[PDB]
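Next up: a single chain in C-alpha cells, the form solved without this ligand.
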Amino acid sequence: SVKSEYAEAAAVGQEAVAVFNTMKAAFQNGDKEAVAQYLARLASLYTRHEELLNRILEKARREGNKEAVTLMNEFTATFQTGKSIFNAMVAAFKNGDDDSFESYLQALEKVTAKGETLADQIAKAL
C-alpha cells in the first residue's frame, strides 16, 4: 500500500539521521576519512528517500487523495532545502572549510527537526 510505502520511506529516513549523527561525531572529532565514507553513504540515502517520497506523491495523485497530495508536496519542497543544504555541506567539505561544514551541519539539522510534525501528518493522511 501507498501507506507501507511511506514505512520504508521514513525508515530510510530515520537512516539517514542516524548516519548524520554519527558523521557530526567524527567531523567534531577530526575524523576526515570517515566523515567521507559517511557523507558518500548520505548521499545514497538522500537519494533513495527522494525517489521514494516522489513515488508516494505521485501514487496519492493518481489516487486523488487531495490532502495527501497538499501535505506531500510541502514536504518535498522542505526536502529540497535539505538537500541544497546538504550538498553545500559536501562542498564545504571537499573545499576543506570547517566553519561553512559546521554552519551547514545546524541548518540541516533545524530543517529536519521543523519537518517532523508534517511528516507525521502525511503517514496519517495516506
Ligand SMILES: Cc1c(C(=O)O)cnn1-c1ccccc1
Second form
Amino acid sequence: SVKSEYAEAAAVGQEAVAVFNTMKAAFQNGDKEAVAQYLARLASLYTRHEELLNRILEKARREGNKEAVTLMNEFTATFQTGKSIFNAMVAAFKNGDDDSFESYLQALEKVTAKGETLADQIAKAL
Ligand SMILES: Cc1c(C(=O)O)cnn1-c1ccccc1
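So the form solved without this ligand is up there; where is the form solved in complex with this ligand?
Every chain and every other molecule in the complex is listed next, the one we just looked at coming first.
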C-alpha cells in the first residue's frame, strides 16, 4: 500500500537523520575523512528518499487523492530546498570552507524540522 511505502520512506528519512548527526559530531571533532564518508552515505540516502517520495506523489496523483497530492507537492518542494542546501554543504566541504559548512549544517537542520511538521497530515491523507 502507499502507506507501507510511506513507512519505508519514513525509515529511510530517519536513517539520514542518524547519519547526519554522526557526521555533525565528526565535523565538530575535525575528523574530515569520516565526514567525507558520511557525506557520500547521506547523498545516497537523500537520493533514495527523493525517489520514494516521487513514487508516493505519483501514486497519489493516479489515485486522484487531492489532499495527499497537495501535501506531497508542498513537502517535495521543501525537500528540494534541503537538497540545494545539502549540495552547497558538500561543496563547502570540498572547498575547505568551514564557515559555510557550519552555516549550511544549521540551515539544513531548520529546513528539515519545518518540513517534517507536514508528516502527520501526509500520513492521514495518503
Ligand atoms: C530530508 C529533508 C526534508 C524533510 O524531511 O522534510 C527537507 N529537506 N530534506 C533534505 C535534506 C537533505 C538533502 C535533501 C533533502
